[PDB]
Amino acid sequence: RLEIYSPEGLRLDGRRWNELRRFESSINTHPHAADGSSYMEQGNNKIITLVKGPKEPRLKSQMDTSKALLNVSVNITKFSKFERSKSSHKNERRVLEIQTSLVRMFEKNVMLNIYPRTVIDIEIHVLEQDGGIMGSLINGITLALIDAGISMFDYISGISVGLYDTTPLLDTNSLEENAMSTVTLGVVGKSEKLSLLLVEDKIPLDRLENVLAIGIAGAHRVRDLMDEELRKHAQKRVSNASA
Amino acid sequence: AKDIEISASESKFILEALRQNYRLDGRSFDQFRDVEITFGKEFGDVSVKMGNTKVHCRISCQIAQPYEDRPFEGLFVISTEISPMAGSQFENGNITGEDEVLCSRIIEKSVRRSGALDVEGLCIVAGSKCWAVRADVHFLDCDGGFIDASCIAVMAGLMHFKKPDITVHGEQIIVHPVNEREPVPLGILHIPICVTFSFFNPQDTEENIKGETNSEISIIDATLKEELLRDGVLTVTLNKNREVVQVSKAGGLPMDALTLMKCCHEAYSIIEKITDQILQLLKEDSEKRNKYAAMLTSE
Amino acid sequence: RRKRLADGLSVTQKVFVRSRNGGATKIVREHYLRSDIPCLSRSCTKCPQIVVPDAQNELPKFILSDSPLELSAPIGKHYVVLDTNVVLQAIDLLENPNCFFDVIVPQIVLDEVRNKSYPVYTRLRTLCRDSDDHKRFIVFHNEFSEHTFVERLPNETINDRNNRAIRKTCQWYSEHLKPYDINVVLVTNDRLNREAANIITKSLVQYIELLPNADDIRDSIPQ
Amino acid sequence: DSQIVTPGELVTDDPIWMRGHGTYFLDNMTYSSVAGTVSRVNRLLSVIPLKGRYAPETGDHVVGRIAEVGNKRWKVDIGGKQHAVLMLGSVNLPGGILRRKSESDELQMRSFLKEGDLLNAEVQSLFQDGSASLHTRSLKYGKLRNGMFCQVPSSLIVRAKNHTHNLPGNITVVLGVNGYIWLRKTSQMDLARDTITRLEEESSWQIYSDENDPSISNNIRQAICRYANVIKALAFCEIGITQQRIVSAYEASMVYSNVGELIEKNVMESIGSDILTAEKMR
Amino acid sequence: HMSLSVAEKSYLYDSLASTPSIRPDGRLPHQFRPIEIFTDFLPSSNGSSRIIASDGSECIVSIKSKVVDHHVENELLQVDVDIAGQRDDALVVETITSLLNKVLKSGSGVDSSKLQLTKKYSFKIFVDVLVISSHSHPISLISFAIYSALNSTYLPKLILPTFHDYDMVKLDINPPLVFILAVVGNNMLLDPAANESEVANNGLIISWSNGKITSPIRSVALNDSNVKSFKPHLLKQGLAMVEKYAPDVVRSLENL
Amino acid sequence: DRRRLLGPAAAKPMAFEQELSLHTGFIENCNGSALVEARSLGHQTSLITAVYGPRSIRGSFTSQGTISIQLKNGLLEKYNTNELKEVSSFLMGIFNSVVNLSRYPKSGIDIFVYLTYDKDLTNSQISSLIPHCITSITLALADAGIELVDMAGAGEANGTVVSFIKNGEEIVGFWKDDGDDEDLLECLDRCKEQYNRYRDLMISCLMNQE
RNA sequence: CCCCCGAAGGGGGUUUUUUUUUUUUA
Ligand code: NA
Ligand code: NA
Ligand code: NA
Ligand SMILES: [Zn+2]
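Residue numbers (the entry's author numbering), protein chains in the order written: chain B, 3 to 245; chain A, 2 to 300; chain J, 9 to 205, 212 to 237; chain H, 51 to 245, 269 to 355; chain E, 0 to 158, 169 to 265; chain F, 5 to 20, 43 to 149, 163 to 249.
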C-alpha cells in the first residue's frame, strides 16, 4: 500500500488523474521489411508493428473470394518486463485472446472487401512493457495500417483507465495496473462508439460509466496525437518528393 | 471447411424481422431464455437447458500438490472443449480457435479469476497437499448462448458439489467415504452470471462509422441463427453485489458507450432472476435429498 | 536527459536497483516534472493562477499564513521546513498547539519518515490533513516540480541527494517568498551545509531558543 | 500542392462528385479512407495514398517472375497485391503463328516457362479483383537473359513511351512499371530500335532458352554492376527513375573508379544531389 | 534475392567465379555492406543493441542478468534466438541458437571470471536475440549485434549479496565475433548478399575472439541448389581471410 | 500429456584404431537401412539409419529432391535437442552435396538416425559420433537406391570432424567445435585416413551386401 | 460478362518488494 492518489491529486509517476503518459509515434520505420510499419512509445511501452500486405495468400486455402484475410501476430518478448520470462508467450491463451480481439476489431474498420483474394499479415513486437499494453497495441496497429496505405473507415484509439476507489486514473502504468482494476477502450475516431471494451477484473457497476467518460476523452487525445504525426510525416514526404 | 451455408433470403429475412421488432422464437429483444437447471446423482453433476441449447457440467476433485509459487491455494481448472455433438460445424478439440479461446477466456475470467471459488479453502496442508477441483463442461446441443449456459452450469455445479470431509494428522490425512462422515460443500464467495448481447447493423457500415441516429440493434441471448448473422457481440458478467465481474467486447460492430451501459444494467436485471433461481433450485434439491433419506430410514 | 511536454510538463527516467533478498533487479520508471505545484501560501499571488483542480474538480486550499510567527533578525516572516530526523524526534512537539504554526513538509521528507516509521508518518499526515487556523501543515511535492527536482550524481549515497533536494526546496522557497519577505528556516540536526552560494539552517534546540515561548517547550525534546 | 487528408476526415459535403479510390461516403458527406492527397479529375474525386503496392493497369509493361505452373496458365509475381496470370494462349510458342493449339505443349509447359523464370510481359486486361492478366505475344516480350535483376518502389518509375532502353557501355535496361528492373547485355534485337533483319527476328527461335550469351565481357558485367548500383542510388534518394537520369547517374558515378564505392550512403546521396542540381541548372 | 532463374544464377555465378570475382554490387571479396548500429535504447535491460543492414536485414539484441549459484547453474551465459516468421521449433533457429551458445560458452567463449560475484553466486547473462528481418544467413548479423550489446552492457554493483541502488559497473569482456563466408568456385566472399548466397558452392562459419581464429568453425550450405564440395586450400583461404580482415571489424565495432 | 501415459505428476525422475561392422537392408518398412557398430578400446557405439523415400511432399512443386534428416536419441537422452538439430543441419548440407537431387523433383527423402548405443568406458562426444552417422546415412542411401554422386565419408580427430568425397581430394563437410587447438593439417590427415578406411569398408559392405 | 471476328467461332471466374463471560447503558 502507498499513495496511488495523494490528497494533492498526484500519482507515483507525478501525473494527475486525467493526463496521458508520454505518447510518441514514428511511421515508415521498416520500409524494407513491410508495406506499412510503426514504432510506438507510450510511457515505457515500446512496440514495433509491421503490416505486410495486401499480398498473395501463402496457402491456396485461407483465400477468400469476397474479402481479404486479416491476421495478427503479437510477440511479447521475454525481455519486455523487469524479470525475464523463461517461458515464451506465443501460444498462451491470453495472447491468442488479444490477437483475436485485434483481428475482430480491425475486421470492421479495414475495408477488407476491396482487397479480395489477399492476405494482410500484422506482425507486432512488444519490446518494452509498462501496463496499458492493449491500447498501445491498438494504436500501433492503426498507425502501421495507415502507413501501409490500406483503406479503413477511421482511426481506432486505444487507452486504459484504472479505478482507484472513487477516482478514475487515466492511462495506467504497471504499478497502477496492479492493486487496481482497469478498463481498456478501443474508440472509433472522434465518435462515442466503442470498437473494444475490456474489463478483466471486478468493478462496481454504478461507477463504470464514469470510467468510460474520461477514457473516451483520453482516446480522443491519443487520436489527435497519431493524426498529428501522420500529417507531419505526410507533409514532409509529399514536399520533398516534389522536384 | 465445415461451413454453415446461409442464404441471402435468410439473412435478409432475419434482419428485416429485427427491424420490425421480431425474433424467430418469439422473444422480445431483452428476453433471456428460460433456464432449466437439473441436478442428478452425485454432487457437482448439473444439466443446463436454454431453449434448445443443452450443456452439461461435471464437478470433480482429487488430492494434489500445491504449486510452488502459491503455497496456500488449491488448484482449480475449467475445461470447455467443443465436439461435433453440438454440431458438425465444430471441429474436434480446436482449443486454438477464435470462439473457443474467447469462450474459455470469458468463463475463466468470470469464475476462476473472480475468486468465485475459495481456493485457499481447498488447501489441506500448505506444503504437501491441496484439493484440485475440476469443472468440465460438456456441450451437447448448440442453439447459441454457450458462454452464458456454461457459466450457469459451472456455477450451479460448484455450488451443488461436495467434497468428502477429511481431517489431518501431520504427515498423514484421513479421507472418508460417505458412510464415515458427511461431505462438505466448497467455499463460494459470489455467483458470477454472464449475459451475451448480440449487435446487428441494419444500415450500411458508413452509417455506423460516420452516421447519426444510431440504428444498431441489440438483442439478448441470441439463437444459433441469430448468432451466425450478428455483426457484434458483448459478454457481461455480473453478480448480485452489483459488481461488473467482467466485460468482453472483443471488437466487432462499434457500439455507442451509453448503449453498452444500458446493456450492463439490463443484464443485472437478468442475473438477479437467474441467481435467485439457482439458489432456489439448489435448496429444493437438498430438501428432496433429505426427505428421501427420511423415506429410507423407515419403510 | 528529460523531455518537455504539452502543458508545462516533463519526463525523465528514474532508474535504480532493487535488492530483493538473494537477488538484484534493475527498476526503471518514468518521473514526470510539473510547473503547477502550489506553495499553498496565502501571501503568494502567482501560484493561485497556475494551479489546477483535482479529480473532484477542487483547487487546493492555500493555508499557510500570510503573516507567520516572526522572530528576531536575521529572521523575520519565517516558515519552517522540516527534516526527517527533526520530525522523528520532535513529532510530539510538532503536535503541540502553541508552536510550529506554519510548517512546510517536503514530499521527500514525507517519504523518508514513511520508510523509517509508518505511525509517525500517519501522525504527520494527520497534521497536514487537519490543518486549520490553529495549525498549518502542508505537503510540497518537490520531487515533481522541475524548479526543485535535483538529480542524483554518480558515486553519491541517497542521503546527500535527499538533503540536497530539501536544500533546493528551501532555496526555491526563499527566492519565491522573498517578494513578500517570507524567509524559510530549514530545521535539521545533521550538519547539512558547508558554506555555498543561502538558507537559514538551525538545529532543533537552536530554533527552540529563538522562539518566544522557549521556556515552555525547551524540555519537550529528547536528550 | 494538394489537400493532405487522413482516414475518417471529411473531404466534401457536396454530393455532386463521383467517388474514386481512397474515399467512402454517407449521403452527401464524403470521407477519406487513407492518408494521402485529394485528387479531383473531372467529376471523379479520390484520395491517393502516399504509399501502396503496385496496382496493375491495362497496357502496362512489367517484369515478373514465374511463381506457379498450373492448368493452362502461369502465376507470375509482379509485386502487386495479387499474383498475375499468364494464359497459355497468351504467349508465343517457338515459331510462326502456324502451330495450332496442342495438348502436348500443355503437358510440356515447363519447357517454355518454369518456376523461377524471369519474363518481360504486358498487362492485357484486369480481373474483377484488380489482378492482372498478362500476354507476351510481342517479340520484345519473353524470358529474360544475359543480365541481372534489381528492384525499386513502383512509384519511383516515372513513365514514358518506352521502358526498354539502350544505354552506353552496351547495356540494355528494362524498367518494369511495377519496379522490377532487368539489366542485360545489348542484343541485336535491342540494337534494332533505329527509327538481314527478318533473319534476326526469326533467329530468336528460342525465346524460352535458359542459356546466356557465352560471350559476356568483363566490361559489360562491371557496367551492369554500376548501373545497378546507381539505380539503387536513385532509389535511395527517392529520385524518379528515367533513362536520362540513369545515364546521368552512370556518368556522374564514373568519378568513383571502383563500383563498390557506390554502395555507401554519402556516395548515393552525392550522386542524387548531383543529378538534381545538374537538372535544375540546365 | 531468393528464387532466381537458372539464367540469373548462371550469370551471377560466372561473374562471381571469374578472376577476379565480379560481385553484383561491385564489392571487393573482403568488403562488407554498410550497416548502422544503435545501443542503450532499452532501459529495462542491462544492455541493448539494434543493427540495420543495407539490404533491410534488421536485428535486435537484449542483455539481461540474474544472480545464480555457479554450482547449480554451470552455464553462466544463455543465448535465446527468436527469428520472425520462424517457429521456435524450426531447424535453422535451433541451429543458430546452439551455435551462438557455443561461441559464447562461459568455458572459453568468454572469460567466466568477469561474471563472478561471490564464491557461491554470480550473474547469469541472458542474451535475447530478435531477428526482425533477414535475407541471408543472419549469424554474423546477430553476432555483431551481440558484440555491440555486450560492449555497452552495465550490471548492478556488489557491495546473501546486496547491490548498490544507483551505481552500476560496465561489464568488461571481449565478446567473440562470428563471420560468414561464401565459397563460390575458387573464390571466398565476406558478407554474402542473398543473390550471392543463392549460387554459392558452399559456406564457412568462422568464430573469432581476442584476435584469434577460435571455434566453432562450420561448413554451411547457403542453399540447397548448388551445394558442392570444395578443396582444403579454400578453407585455409577463408581462415586467413578472416584473421586478416577481422581486427578492422573489431576496431570498427569497438569505437564509440 | 493427453497422447501419452506419463503417469503421476507428483513423481520425480530417479537421480543417482576402431573396428567396424556394417550391414544394410534389414528394415522392411522403409526403402533403405543401415546398421553401423564401432568398437575402440574402452569405447563402444552402435547406430541405425532408415531412409524413407523418395516420398511425396506437401506444398508447391519443387524442381529437385528435398532431404530431411532426423536424429533420435537412443536409450539415454544423451544430447541436447539444439545440438542434435545442429548436427542434423550439418549432415543435411553434406548429403545435399552428395545426393543427386535433380533426379527427384516434387519429392522428399526422409532419413532417420537412431543413436541406439553409445557407451564409452573412458573416465561433446558428438564429434566422434558424426563420422559414423555419415557412414550409416551413405550406406542407407545407397541401400535405398537413392542416387549418390559419390560415397560420403568422414573422420574425427581432436574435436575436428572432416567429411570427404572423391578419394579425399575435396571437402563436403567441416565441423570444428572447441576440442582443443591444434594445427589443421594433421587433423586433416588423420580424418582423411579414417575416411579412406571407412570408404573401403563401405564399398566392401556394398559388394558383399546389397 | 470482358476479351478477336467481323455479323459465329474460339479463351476466361482466377480449385515489481518504487528504495475476565454475558446483557442493557452517560
Ligand atoms: Na479513435
Ligand atoms: Na485529457
Ligand atoms: Na522435392
Ligand atoms: Zn507561490
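Just so you know, these hints were derived from the structure itself, not from any lab. Take the hints with a grain of salt, since some may be wrong.
[As the list claims (entries may be wrong)] The following residues of chain H were derived to be distant from chain A, with all beta-carbon distances above 10 Å:
#: 1; residue: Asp51
#: 2; residue: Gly58
#: 3; residue: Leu94
#: 4; residue: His111
#: 5; residue: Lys125
#: 6; residue: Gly139
#: 7; residue: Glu153
#: 8; residue: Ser154
#: 9; residue: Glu156
#: 10; residue: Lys164
#: 11; residue: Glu172
#: 12; residue: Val208
#: 13; residue: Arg209
#: 14; residue: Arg243
#: 15; residue: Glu284
#: 16; residue: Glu342
[To be verified] A short, non-exhaustive set of chain B residues, derived as facing chain H with CB atoms under 7 Å:
#: 17; residue: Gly11
#: 18; residue: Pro56
#: 19; residue: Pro59
#: 20; residue: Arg60
#: 21; residue: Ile148
C-beta atoms are modelled at their ideal positions from N, C-alpha and C, and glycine is treated no differently.
Verify the interface restraint on B:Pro56: the C-beta must sit less than 7 Å from at least one C-beta of chain H. Hint holds; B:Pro56 Cβ to chain H Cβ min 4 Å, cut 7 Å.
Closest CB-CB distance from H:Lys164 to chain A, is it above 10 Å? Answer for H:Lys164: holds, closest chain A Cβ roughly 32 Å.
Taking 7 Å as the limit, does the beta-carbon of B:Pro59 come near enough to a beta-carbon in chain H? 9 Å, violated
Cut-off 7 Å, beta-carbon criterion: hint that B:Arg60 touches chain H: 12 Å, violated
Just checking, H:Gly58 versus chain A, shortest CB gap more than 10 Å? 7 Å, violated
Confirm or reject: H:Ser154 is not an interface residue toward chain A, with every Cβ-Cβ distance exceeding 10 Å. The claim stands: H:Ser154 keeps its Cβ more than 10 Å from every Cβ of chain A (closest is about 36 Å).
Can you verify the interface hint for B:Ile148: is its Cβ closer than 7 Å to any Cβ in chain H? Interface hint status for B:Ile148: holds (5 Å vs cutoff 7 Å).
Was H:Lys125 rightly flagged as not at the interface, with every chain A Cβ beyond 10 Å? The claim holds: H:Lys125 sits with its nearest Cβ about 23 Å from chain A, beyond 10 Å.
Just checking, H:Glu172 versus chain A, shortest CB gap more than 10 Å? 37 Å, holds
Assertion that H:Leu94 lies outside the chain A interface [Cβ separation over 10 Å]: Consistent with the label, H:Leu94 stays out of reach of chain A, its closest Cβ about 19 Å off (over 10 Å).
Status of H:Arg209, Cβ more than 10 Å from any chain A Cβ: The claim holds: H:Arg209 sits with its nearest Cβ about 35 Å from chain A, beyond 10 Å.
Status of the stated non-contact between H:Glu342 and chain A (beta carbon gap over 10 Å): Given that every Cβ of chain A is farther than 10 Å from that of H:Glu342, nearest at about 43 Å, it holds.
The earlier numbered hints that this structure contradicts are 2, 17, 19 and 20.
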